[PDB]
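Modelling step: build the complete structure from the supplied sequences, incorporating the hints.
If you want the building blocks of each chain, they are given just below.
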Amino acid sequence: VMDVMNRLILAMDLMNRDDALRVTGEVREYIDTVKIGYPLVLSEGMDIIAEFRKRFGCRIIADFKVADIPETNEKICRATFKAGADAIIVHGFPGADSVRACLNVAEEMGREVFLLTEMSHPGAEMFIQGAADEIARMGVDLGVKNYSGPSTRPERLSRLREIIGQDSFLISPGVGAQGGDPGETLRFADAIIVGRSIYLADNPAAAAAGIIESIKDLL
Amino acid sequence: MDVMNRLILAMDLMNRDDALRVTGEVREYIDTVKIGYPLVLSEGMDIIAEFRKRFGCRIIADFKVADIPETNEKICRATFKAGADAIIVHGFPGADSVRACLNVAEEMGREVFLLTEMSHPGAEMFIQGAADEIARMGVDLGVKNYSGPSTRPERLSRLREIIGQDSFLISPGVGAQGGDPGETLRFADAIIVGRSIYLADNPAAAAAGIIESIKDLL
Ligand SMILES: O=c1cnn([C@@H]2O[C@H](COP(=O)(O)O)[C@@H](O)[C@H]2O)c(=O)[nH]1
Ligand SMILES: O=c1cnn([C@@H]2O[C@H](COP(=O)(O)O)[C@@H](O)[C@H]2O)c(=O)[nH]1
Numbered sequence: 008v009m010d011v012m013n014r015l016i017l018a019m020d021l022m023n024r025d026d027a028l029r030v031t032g033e034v035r036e037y038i039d040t041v042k043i044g045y046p047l048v049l050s051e052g053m054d055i056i057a058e059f060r061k062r063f064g065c066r067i068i069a070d071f072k073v074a075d076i077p078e079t080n081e082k083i084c085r086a087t088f089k090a091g092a093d094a095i096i097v098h099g100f101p102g103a104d105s106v107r108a109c110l111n112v113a114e115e116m117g118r119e120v121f122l123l124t125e126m127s128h129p130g131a132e133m134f135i136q137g138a139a140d141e142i143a144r145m146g147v148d149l150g151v152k153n154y155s156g157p158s159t160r161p162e163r164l165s166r167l168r169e170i171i172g173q174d175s176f177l178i179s180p181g182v183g184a185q186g187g188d189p190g191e192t193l194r195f196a197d198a199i200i201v202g203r204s205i206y207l208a209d210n211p212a213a214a215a216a217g218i219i220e221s222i223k224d225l226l
Numbered sequence: 009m010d011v012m013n014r015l016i017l018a019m020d021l022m023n024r025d026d027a028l029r030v031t032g033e034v035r036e037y038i039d040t041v042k043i044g045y046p047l048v049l050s051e052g053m054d055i056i057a058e059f060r061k062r063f064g065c066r067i068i069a070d071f072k073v074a075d076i077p078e079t080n081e082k083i084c085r086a087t088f089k090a091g092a093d094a095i096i097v098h099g100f101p102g103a104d105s106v107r108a109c110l111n112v113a114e115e116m117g118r119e120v121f122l123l124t125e126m127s128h129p130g131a132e133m134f135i136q137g138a139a140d141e142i143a144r145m146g147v148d149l150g151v152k153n154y155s156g157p158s159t160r161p162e163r164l165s166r167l168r169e170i171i172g173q174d175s176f177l178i179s180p181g182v183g184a185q186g187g188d189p190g191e192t193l194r195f196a197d198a199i200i201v202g203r204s205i206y207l208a209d210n211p212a213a214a215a216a217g218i219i220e221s222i223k224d225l226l
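Heads up: the protein sequence lines correspond to chains A and B, in order.
Adding 7 to a residue's 1-based position in the first sequence gives its number in UniProt numbering.
Adding 8 to a residue's 1-based position in the second sequence gives its number in UniProt numbering.
Keep in mind the hints are simulated off the structure, nothing from the lab.
Treat the hints with caution; some may be incorrect.
[What the hints assert, rightly or not] To be clear about the criterion: a stretch of chain B counts as covered by chain A if any three or more of its residues have a C-beta under 8 Å from a C-beta of chain A, and this derived list gives those stretches:
| no. | segment |
| --- | --- |
| 1 | 42 to 54 |
| 2 | 63 to 76 |
| 3 | 91 to 101 |
| 4 | 120 to 128 |
| 5 | 133 to 141 |
[What the hints assert, rightly or not] Quick list of simulated restraints, FRET-style, between CB atoms:
| no. | chain 1 | residue 1 | chain 2 | residue 2 | range |
| --- | --- | --- | --- | --- | --- |
| 6 | B | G137 | A | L207 | 35 to 43 Å |
| 7 | B | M9 | A | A216 | 31 to 39 Å |
| 8 | B | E191 | A | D54 | 42 to 50 Å |
| 9 | A | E58 | B | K89 | 36 to 44 Å |
| 10 | A | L225 | B | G172 | 48 to 56 Å |
| 11 | B | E114 | A | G186 | 46 to 54 Å |
| 12 | B | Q173 | A | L207 | 42 to 50 Å |
| 13 | B | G172 | A | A216 | 53 to 61 Å |
| 14 | B | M12 | A | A184 | 39 to 47 Å |
| 15 | B | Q173 | A | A184 | 39 to 47 Å |
[Said to hold, decoys possible] Here are a few chain B residues that sit away from chain A, every Cβ distance over 10 Å (derived from the structure):
| no. | residue |
| --- | --- |
| 16 | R24 |
| 17 | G32 |
| 18 | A86 |
| 19 | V106 |
| 20 | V147 |
| 21 | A198 |
| 22 | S204 |
| 23 | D209 |
Virtual Cβ for every residue (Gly too), placed ideally from N, Cα, C.
This is the structure we're talking about:
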């Protein structure tokens, strides 16, 4: 599995290149893995991935919530890996063919897929939560090794960990701003994802350091 | 929304030169282009303004928006800043995520299309069973624009029933995925067509052919 420094992944959702680079640089001693999503990519271009690789020694997870038909999913994954992403996040709710399409491209291109199981926001209760255990089981059947699940619902995160097994790699957003606790989340997830609690802080480095101090016995 | 010839081009070529040339070739037949991540991730968001400069066409950003509300808001803002007239949003992530998109669209003078059921085989696993409820959620939220599956006209008809005749309904899966242009237009206001046009030996003839087949439907 990827070796995530300090079990902490930065969700870099600032939408300005200068701010995104400044904040990421400030926390670089604490974090070697950065999740870049569409807020930044749609604002600054896929070349922002290149820029991060150039500036920082960071692994890049493209949080693109891939959620199209197989043919389109293939194209999205190809473009994303071509740009230098180490991994891509993919929805399971569009079904097994859509997921398989991403897995096939990742296998061919030597990169990784993370399957999102249940989302951490309130609206997730409406449809995704009821499908999440089956989505996780589907991932296991398809050979998915990497997953994302919700910090905001420890009971759900625990069940999802059970389904995917201890050997699977599990990351978890919703820590901090959305209400999730770093330590409790790391009972089940391999790494936590943190965005606003760090990138909106007056001192992002102090914020990251504070989170890390709070989980030091788990490192 | 008034779509020329009831035909929306899905421009999923991944090269700027090819995408611009093929769109140019069929410009006399369309005034609405759906641009998705295949093109945007290959050539940048600046491609949207370039399409407007060259063709004056309407632009629907097919970004399958599917994040938490806070992130959805950012995605919609970035997308509308790039000049998109509308954006396609998943309903599966729930009502708050959809509402986030509706907010930005209202703010910037744009439209949200709610995707209810997808057209590929895997849609049967989870989406299809949620689709009627997603459509009702759209109605509850005041959504006026929807997308549904050409490949399942019985499902498309049901979608139409739920949202009513006043709502605007577009439908992908025509051609390559097996859907029929004329049958789909029994229920949808407009059909989306990608590969059957952009991978054709002669895209202009392909477009003309499709239009000829639905001429009695305008
Ligand atoms: O279920 C979820 C919830 N959030 N996110 C993403 O993780 C980050 C959470 O950031 P935050 O710490 O500012 O809440 C954002 O990029 C959000 O899109 C997910 O991928 N899945
Ligand atoms: O349920 C679906 C199926 N396809 N599409 C999109 O519509 C287009 C269909 O293209 P095609 O005519 O080449 O199949 C592609 O951009 C695809 O991502 C959707 O938005 N929803």
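Please flag the earlier hints that this structure goes against, numbers listed from lowest up. 7, 9, 11, 18 and 19
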